[PDB]
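First comes one chain, alone, set out as structure tokens in the form solved without the named molecule.
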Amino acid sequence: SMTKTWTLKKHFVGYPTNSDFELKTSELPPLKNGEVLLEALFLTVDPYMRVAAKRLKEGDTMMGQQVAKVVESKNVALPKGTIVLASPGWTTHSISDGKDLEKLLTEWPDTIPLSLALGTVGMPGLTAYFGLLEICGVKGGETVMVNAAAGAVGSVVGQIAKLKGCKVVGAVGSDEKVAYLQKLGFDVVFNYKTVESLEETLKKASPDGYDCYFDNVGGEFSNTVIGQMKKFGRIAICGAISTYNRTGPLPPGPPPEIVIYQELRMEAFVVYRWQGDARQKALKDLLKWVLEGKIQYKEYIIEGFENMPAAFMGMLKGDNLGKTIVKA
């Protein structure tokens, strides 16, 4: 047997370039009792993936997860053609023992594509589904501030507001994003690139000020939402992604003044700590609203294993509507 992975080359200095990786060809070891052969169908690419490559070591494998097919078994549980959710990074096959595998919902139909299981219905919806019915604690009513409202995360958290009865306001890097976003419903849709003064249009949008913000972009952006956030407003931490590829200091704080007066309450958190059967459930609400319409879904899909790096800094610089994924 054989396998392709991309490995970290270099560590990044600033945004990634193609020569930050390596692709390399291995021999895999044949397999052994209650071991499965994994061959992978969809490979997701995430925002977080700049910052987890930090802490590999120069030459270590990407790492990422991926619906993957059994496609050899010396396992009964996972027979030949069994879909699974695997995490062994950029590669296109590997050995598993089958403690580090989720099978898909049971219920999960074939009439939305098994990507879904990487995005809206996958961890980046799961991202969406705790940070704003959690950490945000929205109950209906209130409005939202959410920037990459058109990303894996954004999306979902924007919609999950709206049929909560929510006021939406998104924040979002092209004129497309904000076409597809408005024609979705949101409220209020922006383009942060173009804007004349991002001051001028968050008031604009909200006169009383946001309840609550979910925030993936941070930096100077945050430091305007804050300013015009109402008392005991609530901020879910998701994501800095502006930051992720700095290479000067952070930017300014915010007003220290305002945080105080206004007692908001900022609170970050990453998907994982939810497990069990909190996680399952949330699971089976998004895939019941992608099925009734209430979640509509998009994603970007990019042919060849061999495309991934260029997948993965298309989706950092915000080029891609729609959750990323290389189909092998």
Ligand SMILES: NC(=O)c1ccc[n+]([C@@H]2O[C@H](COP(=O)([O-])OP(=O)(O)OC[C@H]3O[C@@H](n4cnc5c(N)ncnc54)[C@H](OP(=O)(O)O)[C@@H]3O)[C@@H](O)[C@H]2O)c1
Contents of the next structure:
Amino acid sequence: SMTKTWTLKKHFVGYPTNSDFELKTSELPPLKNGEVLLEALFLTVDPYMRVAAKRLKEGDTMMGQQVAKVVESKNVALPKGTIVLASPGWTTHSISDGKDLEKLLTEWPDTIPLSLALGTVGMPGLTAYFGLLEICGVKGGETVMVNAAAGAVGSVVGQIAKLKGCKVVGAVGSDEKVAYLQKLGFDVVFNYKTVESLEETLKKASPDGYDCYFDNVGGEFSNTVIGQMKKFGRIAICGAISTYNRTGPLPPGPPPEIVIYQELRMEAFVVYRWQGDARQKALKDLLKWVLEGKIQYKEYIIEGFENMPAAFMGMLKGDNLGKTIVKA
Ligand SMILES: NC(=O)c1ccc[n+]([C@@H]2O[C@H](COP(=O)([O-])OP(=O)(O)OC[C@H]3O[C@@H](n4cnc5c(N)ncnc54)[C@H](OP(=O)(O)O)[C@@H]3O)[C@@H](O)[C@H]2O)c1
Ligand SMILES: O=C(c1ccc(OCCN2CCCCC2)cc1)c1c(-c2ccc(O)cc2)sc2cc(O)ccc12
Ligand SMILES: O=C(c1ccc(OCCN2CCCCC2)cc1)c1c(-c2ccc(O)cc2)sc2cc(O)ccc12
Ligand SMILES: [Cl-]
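Moving on from the form solved without the named molecule, kindly provide the form deposited with the named molecule bound as a structure.
What follows is the entire complex, opening with the chain shown before.
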């Protein structure tokens, strides 16, 4: 039994490039009692990997989740053909004792892709759900500003906000994403790379300002949005992707006088905070919503484990519409 594994040859400087990654073919030992052999089906690439990769030693395996099928088993709880969520990192084949695996929701129908397990009915969906509903605390009738709005998390934020009856202003990096999100029904969508003035565009989009800011981007973009938050506005600090691949020091922070005078609340969160019943309910709500068409899905699928680095790099550079998935 062989595996293929993507390792970090060299720490990234700026954006990664191909020579930073190295693929190793490796032999797995046999199963011991109570272990299984997992075959990757779908693997995710995610922005957090750009940051978490800084903690690895050169030669280490890249971290990440996958949908896997059990192909050999000495574990009764896990027969062959069982589909699991697993986090062995970027590897085609792996050995588990079963304690680290997660079976899908029972009510998971065969009419949606298994890979939504890594997207809208998964971690990025949960991030959206908790960031917007608990961190921003959206009630109904609010104007929500969301950036990276065609991406895995932000696309879900916007749709959840719409179904709760909020006005949504979304920023994206391409005209293709603009048109996709308008078709979806977001109230205002613009391309932040081409508008003449971000400030003016944000003002035209919502003259009265913003109640909530679901921030995926940080940096200068956020400095500008902060200038148009309403008094007591709430910012969920979900991510800061404009800084993850940045070469120099960080950009200037936000103008303190504005943050103080507008009495802003800003809270960062990590999705893994919500566990047990709270998490299970969230997942069932997301699946429900997808089954009802209240949340549409789109995926950006890259074919072949050997292109996993390219899939990661393109997502960080904005290639993707919807969740970036690698099909094994
Ligand atoms: N628990 C947490 O707190 C948590 C969990 C998951 C994800 N996140 C964060 O959520 C954000 C979105 O994650 P995702 O998984 O849904 O990925 P994503 O939105 O599917 O993909 C990343 C998107 O980021 C945008 N982007 C990249 N560089 C940018 C820049 N300099 N300025 C503006 N936009 C830029 C690009 O879209 P554009 O074409 O629109 O530029 C790119 O498509 C990231 O900040 C991620 O770290 C946080
Ligand atoms: O805090 C996290 C983080 C926390 C837990 C994670 O879990 C990944 C492993 N996985 C979790 C559950 C299943 C088994 C393994 C991932 C990122 C994030 C960051 C961080 C900061 C400092 C650091 O040294 C490392 C990472 S950056 C980041 C961006 C995100 O979009 C999400 C989380 C994060
Ligand atoms: O990486 C983390 C993690 C990071 C920091 C944590 O605590 C930060 C400070 N810690 C607090 C207690 C005292 C020591 C320092 C806990 C988990 C993972 C999780 C986490 C859980 C809750 C939360 O709010 C944020 C993240 S869940 C998880 C699963 C993994 O396989 C690996 C990492 C993780
Ligand atoms: Cl897992």
